[PDB]
Amino acid sequence: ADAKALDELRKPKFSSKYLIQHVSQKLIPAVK
Amino acid sequence: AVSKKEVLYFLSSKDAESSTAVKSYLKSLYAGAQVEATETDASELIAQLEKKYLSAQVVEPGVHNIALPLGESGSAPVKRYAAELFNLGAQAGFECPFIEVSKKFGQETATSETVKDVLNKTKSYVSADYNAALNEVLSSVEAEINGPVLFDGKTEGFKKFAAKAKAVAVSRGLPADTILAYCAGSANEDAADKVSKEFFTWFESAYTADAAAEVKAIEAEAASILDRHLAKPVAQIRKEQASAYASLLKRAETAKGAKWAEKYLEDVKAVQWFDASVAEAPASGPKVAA
Amino acid sequence: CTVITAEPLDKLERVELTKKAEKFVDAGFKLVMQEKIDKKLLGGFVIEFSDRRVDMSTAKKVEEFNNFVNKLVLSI
Amino acid sequence: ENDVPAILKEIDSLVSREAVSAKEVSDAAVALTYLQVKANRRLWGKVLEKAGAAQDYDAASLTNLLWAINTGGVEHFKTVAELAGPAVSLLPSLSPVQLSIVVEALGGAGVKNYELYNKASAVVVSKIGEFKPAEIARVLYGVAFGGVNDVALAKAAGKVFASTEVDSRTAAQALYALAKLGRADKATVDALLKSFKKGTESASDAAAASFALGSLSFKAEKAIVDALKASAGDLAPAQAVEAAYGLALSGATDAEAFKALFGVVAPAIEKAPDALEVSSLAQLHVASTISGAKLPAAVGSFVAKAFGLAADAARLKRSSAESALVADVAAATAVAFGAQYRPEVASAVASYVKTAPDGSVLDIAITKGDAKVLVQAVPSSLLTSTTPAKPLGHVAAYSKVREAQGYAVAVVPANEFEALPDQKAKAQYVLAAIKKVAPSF
Amino acid sequence: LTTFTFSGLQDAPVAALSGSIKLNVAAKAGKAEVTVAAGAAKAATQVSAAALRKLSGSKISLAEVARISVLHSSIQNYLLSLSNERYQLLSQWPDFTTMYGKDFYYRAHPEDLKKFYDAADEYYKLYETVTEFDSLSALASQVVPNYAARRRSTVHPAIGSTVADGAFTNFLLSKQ
Amino acid sequence: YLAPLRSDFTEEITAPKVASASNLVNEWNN
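Chains as they are written, first to last, in the numbering used here: chain A, 1 to 32; chain U, 33 to 322; chain H, 323 to 398; chain E, 399 to 839; chain V, 840 to 1015; chain W, 1016 to 1045.
For the record, the hints were derived by calculation from the structure and aren't laboratory data.
A few of these clues could be false.
As the list claims (entries may be wrong) - Computed footprint of chain A on chain V; a stretch qualifies when at least three of its residues, placed anywhere within it, have a C-beta under 8 Å from a C-beta of chain A: (1) 898–904; (2) 946–957.
Unchecked claim - DSBU-like, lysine-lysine: derived pairs with alpha carbons at most 30 Å apart: (3) U:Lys-55 <-> V:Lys-881; (4) V:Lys-870 <-> V:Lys-881; (5) H:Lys-341 <-> E:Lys-822; (6) E:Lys-592 <-> V:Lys-964; (7) H:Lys-341 <-> U:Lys-83; (8) U:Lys-46 <-> E:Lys-669; (9) H:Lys-341 <-> H:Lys-393; (10) E:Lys-692 <-> U:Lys-83; (11) E:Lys-617 <-> E:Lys-669; (12) E:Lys-407 <-> E:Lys-436; (13) E:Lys-627 <-> E:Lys-592; (14) A:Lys-32 <-> H:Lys-352; (15) E:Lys-766 <-> U:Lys-135; (16) U:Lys-264 <-> U:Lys-288; (17) E:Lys-592 <-> E:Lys-620; (18) E:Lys-592 <-> E:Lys-669; (19) H:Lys-341 <-> A:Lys-26; (20) U:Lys-319 <-> V:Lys-870; (21) E:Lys-627 <-> V:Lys-881; (22) U:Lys-148 <-> H:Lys-358.
Cβ coordinates follow ideal geometry from the N, Cα and C atoms, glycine included.
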């Protein structure tokens, strides 16, 4: 609802972090 | 679900979604859970690849939390911005940028013996205005010797090349003697400190000019973007932005099951929550639980 | 034959290298394993038979590593 | 006629208008720290927003504001590191008391501004007699935590601590500055240790004194520990962790002092396991293992696992002139155990990397059956910046917590590893260092 | 901040500088009797010498709540401060509505009157597009990915030309 | 407001390409 949290509201929203996580998850086993 | 090497990078991280994952992980370890064995394998190529693709996961939430000093007068917010980039690089696992680009130089030309292939293999990591000013000096030493001047240190041709390259370096504006006497070390702590303070004065001016150049690039891009946007009538702007927003929504909406897709749509739900929460009471900001 | 490496060869390294290079002859033939030095190789060895070649050096290994990485990342 | 929330409402309406200048911002923040308002975050945020927005600054208002930021325990790195414009531009106008306050309060926030710290150090060492010992201690704290390895100001502070007499809090501050600087100079630490005799008025002075003695690896003091044991309820858990870590690094046998130190930390961990940093839980496991004082059931195993996590995170984020040192020392260890060629050396280096029981990864760990050894490289970051160049307290911390795992830690420090000619001499030194710990290897 | 700070009741501010909020303390031996007045509400309490030392025990750690990110909000703040500099010169546009009357219609050339009405419609276009302020939050995302991929460096986020050139002198001019 | 997510690294170290000043102030003053 309203008044979510502060540590949930400190997140930088549309940063990448998960395209990086997707490439690091689909690359590292396949390069190993 | 942290994978025991991702969480080892987020222990000294200070942003939100990494520290929340660490807090959930540490509350899992408080409730009697074992920690996984840290893997002592995957020889140094995969090690530096995991470091490269894991420090990006600490840098990318960290860049979007660092406000640019756009349109500011003074070197104090530029130094705030460069210091926040330094703390971000130290949280992500990088060292001092001087040490890291020196390590990139020593990693690039470890097997090159002429100065010319040092200048041709460190080409990207130096500016073109400096690589040309070193290539003409190298060509002049090649005219003086008519033999490939070797990169040894005991070869005298390298010495008479470096005696011009130091003048090139000080004429560019950076004191090569202060840098060399810092990174070589000194005898006692007093004459080491006397050059450490001057190298840090140069280094402060160096990264401050770097961040100032980056901010002037963003300022010129923002002025060009606005002056190209203010030339359009409003209906063209609104249909272009609705088209861009809808197309970039559906680019994440077709792909389903991935983490970035659900994170993107959870972020759009959080943005719409922010608009609703600023709509409910607009003179007091958004509602935060306190 | 001709072997080109990054360092002068060691007396266990040489026995392991002539032990590996006897696999590549498709007979019961002998081999006058020659030695050469190239610092451009980052270690490893290149066995040159003048009609065959293996490159178990580190230079082609990191080149193939970078190429497989740069080919994989554009498909993910 | 004496109310906190109504005057909080009026101070909130003071900084919520449009054009508040510097002086009302400063006095709002000063009044907020004198009213102890850590529970209200948003009003502090309004104050720091208008503190970032105000463009004029006199010396007194910038000094009052940075004092309020410092003793209010509030960090926001953007608005504090952006306050250094008024600190460099108003530097000749500052009185040395205000200069001490601005340099301390900008040093505490980790502000990386070398022009400010060089121009404050030049002012202090050019006119040293105009400064009280508290003032040189605060400027030493500020330049120490600001990333400057200023040793000329460390010597000029050591002169005044040699001649004159300081308070308890002033000596604890200068000890904390020399402990982050990594000094361990007996002619200054021993000159500041004679101030902890008439009692420490607050517990944080004794806590930072014990931590500075632990991280400089001197001794226990027998009076800092008791002044800390009579007041170990005042401290936040991340302060009592660092106090107990500095005490166990300093060889403390007081069971009641460690009991009072853990009596605030372990209920705080049992309330919130995540509230402390993983480096702090590692400090608690070090202090629990060296001292041997007990923790509850879900705390000791938890901080052992957290020490394993922190040792791994210190492995992954190495200095890469330290990973070269680990490669060098593992090569010398594989040579000293018998290998005269490269492939035996390389296979033994890759087979010396056995793992620890808590989950961490040890670089050079050799097991000859029932006897285990460990070799650890101490690069430059864990070495003292003075002329003996002895290793710091974290070295002995890692050593004494590995030794209670079943290992025998043989310190190989890079001041005594770099001056040797070849790998045979380095093998000789590593072999002499392993034999000096356990001669059964 | 650090974990051990050393401020409180020692070289402290003892009096206000503003006329809007009136603070005063009582600097005694250990303790302090403060009195603070901010308008019609008053507070006069007492803080101990060990009561300001425990103030920096729990850290505040002020962190920002932004709509998208602090980066995107800083870029958008700059774009709005550029829109204001355009809007201040749309504010100095000469009032053409005073010349809309028919005593300027039939006096003027037909082509100059068509030019004048085109100029008025051009002003309305410029003014309606410089006050489309909700498009700035979409323009600011056209600066974010290029900048954020500049900081996704293989070397260091804070790297630049000057630091790499200085370290290239240090790499080159030292031996090998 | 939402942006295309990119996952690519910058290997080279270049000057950040300060773009040209547009003519909007001159055109609107004209």
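Hints and how they fare:
| no. | hint | result |
| --- | --- | --- |
| 1 | 898–904 | holds (count 3) |
| 2 | 946–957 | violated (count 0) |
| 3 | U:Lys-55 <-> V:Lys-881 | violated, 42 Å |
| 4 | V:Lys-870 <-> V:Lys-881 | holds, 20 Å |
| 5 | H:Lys-341 <-> E:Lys-822 | holds, 29 Å |
| 6 | E:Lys-592 <-> V:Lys-964 | violated, 78 Å |
| 7 | H:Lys-341 <-> U:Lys-83 | violated, 36 Å |
| 8 | U:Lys-46 <-> E:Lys-669 | holds, 22 Å |
| 9 | H:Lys-341 <-> H:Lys-393 | violated, 35 Å |
| 10 | E:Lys-692 <-> U:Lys-83 | violated, 38 Å |
| 11 | E:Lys-617 <-> E:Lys-669 | violated, 33 Å |
| 12 | E:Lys-407 <-> E:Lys-436 | holds, 15 Å |
| 13 | E:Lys-627 <-> E:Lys-592 | holds, 19 Å |
| 14 | A:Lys-32 <-> H:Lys-352 | violated, 37 Å |
| 15 | E:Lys-766 <-> U:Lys-135 | violated, 37 Å |
| 16 | U:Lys-264 <-> U:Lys-288 | violated, 36 Å |
| 17 | E:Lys-592 <-> E:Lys-620 | holds, 12 Å |
| 18 | E:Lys-592 <-> E:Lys-669 | violated, 39 Å |
| 19 | H:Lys-341 <-> A:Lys-26 | violated, 38 Å |
| 20 | U:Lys-319 <-> V:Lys-870 | violated, 38 Å |
| 21 | E:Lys-627 <-> V:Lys-881 | violated, 39 Å |
| 22 | U:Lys-148 <-> H:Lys-358 | holds, 25 Å |
Checked against the numbered hints given earlier, this structure breaks hints 2, 3, 6, 7, 9, 10, 11, 14, 15, 16, 18, 19, 20 and 21; the rest are met.
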